[PDB]
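Undergrad: Now for the letters of each chain:
There are 4 protein chains.
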Amino acid sequence: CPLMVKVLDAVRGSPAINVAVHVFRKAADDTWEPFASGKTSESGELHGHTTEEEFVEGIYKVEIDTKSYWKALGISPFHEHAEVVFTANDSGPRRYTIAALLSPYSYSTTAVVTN
Amino acid sequence: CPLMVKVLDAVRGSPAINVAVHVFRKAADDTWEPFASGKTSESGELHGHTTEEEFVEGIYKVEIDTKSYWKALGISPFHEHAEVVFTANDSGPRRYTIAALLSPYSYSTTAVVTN
Amino acid sequence: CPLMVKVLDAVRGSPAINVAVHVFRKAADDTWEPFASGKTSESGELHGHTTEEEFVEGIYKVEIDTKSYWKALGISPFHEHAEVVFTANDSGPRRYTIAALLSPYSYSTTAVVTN
Amino acid sequence: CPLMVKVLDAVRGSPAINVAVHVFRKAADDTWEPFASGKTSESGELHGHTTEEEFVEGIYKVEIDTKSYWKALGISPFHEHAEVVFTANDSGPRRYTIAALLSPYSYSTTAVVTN
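Chains as they are written, first to last, in the deposited numbering: chain B, 10 to 124; chain A, 10 to 124; chain A', 10 to 124; chain B', 10 to 124. A prime marks a further copy of an entry chain.
The hints are simulated quantities; they were obtained by calculation from the structure and are not laboratory data.
Don't be surprised by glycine CBs; every beta carbon is placed ideally from N, CA and C.
Heads up, some of the hints might be wrong.
[Stated by the list, open to error] In the BS3-like style, the derived pairs of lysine-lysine whose C-alpha atoms are separated by at most 30 Å in a straight line are:
1) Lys70(B) x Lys80(A)
2) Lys80(A) x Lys80(B')
3) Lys70(A) x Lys48(B)
4) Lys76(A) x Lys80(B')
5) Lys80(A') x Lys35(B')
6) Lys48(B') x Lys70(A')
7) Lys76(B') x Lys76(A')
8) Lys70(B') x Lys48(A')
9) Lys70(B') x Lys70(A')
10) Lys35(A') x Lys70(B')
11) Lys35(B) x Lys80(A)
12) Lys70(B') x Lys76(A)
13) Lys35(B') x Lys48(A')
14) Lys80(B) x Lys35(A')
15) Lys70(A') x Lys80(B)
16) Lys80(B') x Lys70(A')
17) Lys76(A') x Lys76(B)
18) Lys35(A) x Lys76(B)
19) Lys76(B') x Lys70(A')
20) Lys80(B) x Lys48(A)
21) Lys70(B) x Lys48(A)
22) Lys35(A) x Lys70(B)
23) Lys80(A') x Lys80(B')
24) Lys35(B) x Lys35(A)
[To be verified] Chain A regions said to be covered by chain B (calculated; three or more residues, Cβ under 8 Å):
25) 19-32
26) 113-123
[What the hints assert, rightly or not] Just so you have them, the derived chain A footprint on chain A', three or more residues with Cβ under 8 Å:
27) 21-29
28) 111-124
Let the sequences and hints guide you as you build the complete structure.
TA: Spelled out as structure tokens, the structure:
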């Protein structure tokens, strides 16, 4: 899998489990189009999305349903969701890991791009 | 100024100056309508393009043009922009400060909401 | 105020109020000597206990009592405190703002240095 | 291994490789005492420190030589190092992962505690 998403909960000090993640690729009309989606596992990971075949260069959007996650915990959140928009540039045979750290009123996201 | 945006550069330890910010409000037809925009000052702050009257409840999107900022500094960043989407004032009027901390392959964003 | 400390609560989306902060300066004998201390205000800021004359170059340590803060809110946090250690003014006098963003199992800290 | 340290570089979008990490445990005299140390691997991880035998409850300090890491890259950093001080509380048979995200003028750290 060329694109991995890892979500952490900065409140409980745990993986963020059962979080819905939708991945989209930018299409000609500059409209978003579904690409991949799933729920994070107990390790907080959303795994084997697409293969290296369909993971072409382009603009991708990763949308993390943070709001539903916090509501499930009884915690009042600020964000409607977390969005990560980036360019996949084809250079070395690279894996992208999108990491997200969640708190009710803040999140951070980091890309780890490895050979 | 019920909506303030503050942007910091985590690489230089400075305010992120001259960063473009666009604010959208979700309209009735579920599309995004332009609400306010500006560039951060020398103190990394974007102030009042918005009044308290005009800043009614709704879903807002703050999009920070992080890519142009890194590129103008000779850096090729991961993300296209930083997006912050939230519901505003739905329990009455609040002041919101959206803080963003920028690195080339990482950003974080935090909301400070005061009465 | 050449040394300012600002602390935010990522759980409540608010300034972190009444947070204890201790600043130490490394002395000649390689131990830490007490330099300044205070509690954050309602705006989450700790201001001037320091003058520009007294804030000479050296290695400084800013220790933020995050544990007492979470516990006073009914929360059992991971960390004992947040520590920030840095060399100050070694190319002439600067203004430093140390920003800390707090969650129970996570914190981040950022330095903004201006001339 | 009951305690893992994972370090990321928010500048290059990579694991932070070859970073020196020193772990200390709080001793009776309220002095720090060496516990474990090593260099992060190419995956940015410092692995199999101690066993569950010697990883008892107590106050631990993880010190990450961020300054040497940035100097090796030609990047001028703010921090002397990053320090993470926490309490290991013995409850479920738990693994602690200490994650650190580094930028020249900022870092964040998160604990992921898992069964």
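Undergrad: Now, for every hint given, state plainly whether the structure supports it.
TA: So, going through the hints one by one against the coordinates:
Simply put, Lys70(B) and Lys80(A) have alpha-carbon atoms about 20 Å apart, close enough for the 30 Å limit, and the pair holds. Pair hint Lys80(A) plus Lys80(B') holds up; C-alpha atoms about 23 Å apart against a cutoff of 30 Å. Restraint check: the Cα-Cα separation between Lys70(A) and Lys48(B) comes to about 24 Å, which is no more than 30 Å; the hinted pair holds. A C-alpha spacing of about 26 Å is found between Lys76(A) and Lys80(B'), which places the hinted pair at or below 30 Å, so the restraint holds.
With a CA separation close to 21 Å, the supplied pair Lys80(A') and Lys35(B') stays within the 30 Å bound. Proximity of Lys48(B') to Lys70(A') is assessed by CA-CA distance (about 24 Å); at most 30 Å being required, the pair is judged to hold. Between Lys76(B') and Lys76(A') the alpha-carbon distance is near 26 Å, which keeps this suggested pair within the 30 Å criterion. A distance of roughly 24 Å separates the Cα atoms of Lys70(B') and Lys48(A'); the hinted pair therefore holds under the 30 Å criterion.
A distance of roughly 15 Å separates the Cα atoms of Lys70(B') and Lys70(A'); the hinted pair therefore holds under the 30 Å criterion. Of the pairs offered as hints, the one joining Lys35(A') and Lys70(B') holds, with about 19 Å between alpha carbons and a cut-off of 30 Å not exceeded. For a cut-off of 30 Å, the pair hint linking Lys35(B) to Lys80(A) stands: about 21 Å separates their Cα positions. About 37 Å separates the Cα atoms of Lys70(B') and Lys76(A), which puts this hinted pair outside 30 Å; it is violated.
Of the supplied pair hints, the one linking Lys35(B') and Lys48(A') holds, its CA atoms being roughly 26 Å apart against a limit of 30 Å. For the given pair, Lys80(B) sits about 46 Å from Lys35(A') by alpha-carbon distance, which is inconsistent with the 30 Å threshold. Between the alpha carbons of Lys70(A') and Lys80(B) the distance comes to roughly 38 Å, so the proposed pair goes past 30 Å and is violated. Proximity of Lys80(B') to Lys70(A') is assessed by CA-CA distance (about 20 Å); at most 30 Å being required, the pair is judged to hold.
Between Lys76(A') and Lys76(B), the direct Cα distance comes to roughly 27 Å. Compliance with the 30 Å bound is thereby established for this hinted pair. Using a Cα cut-off of 30 Å, the hinted pair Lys35(A) and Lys76(B) holds, with the two alpha carbons roughly 17 Å apart. A distance of roughly 15 Å separates the Cα atoms of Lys76(B') and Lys70(A'); the hinted pair therefore holds under the 30 Å criterion. Among the hinted pairs, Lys80(B) with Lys48(A) is inconsistent with the structure: their alpha-carbon atoms are about 34 Å apart, more than 30 Å.
Of the pairs offered as hints, the one joining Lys70(B) and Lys48(A) holds, with about 24 Å between alpha carbons and a cut-off of 30 Å not exceeded. Of the pairs offered as hints, the one joining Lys35(A) and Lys70(B) holds, with about 19 Å between alpha carbons and a cut-off of 30 Å not exceeded. Of the supplied pair hints, the one linking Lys80(A') and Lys80(B') is violated, its CA atoms being roughly 38 Å apart against a limit of 30 Å. Among the hinted pairs, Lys35(B) with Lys35(A) is consistent with the structure: their alpha-carbon atoms are about 21 Å apart, no more than 30 Å.
Check on the segment 19-32 of chain A: 0 of its residues sit with their Cβ under 8 Å from a Cβ of chain B, so the three-residue criterion for coverage is violated. Counting residues of the segment 113-123 of chain A whose CB falls under 8 Å from any CB of chain B gives 9; the rule of at least 3 is met. With 3 residues having a Cβ less than 8 Å from any Cβ of chain A, the segment 21-29 of chain A' passes the three-residue criterion, so the hint holds. Interface restraint, the segment 111-124 of chain A' with chain A: holds (6 residues with C-beta to C-beta distance below 8 Å; minimum three).
When each numbered hint is compared with the structure, violations occur for hints 12, 14, 15, 20, 23 and 25.
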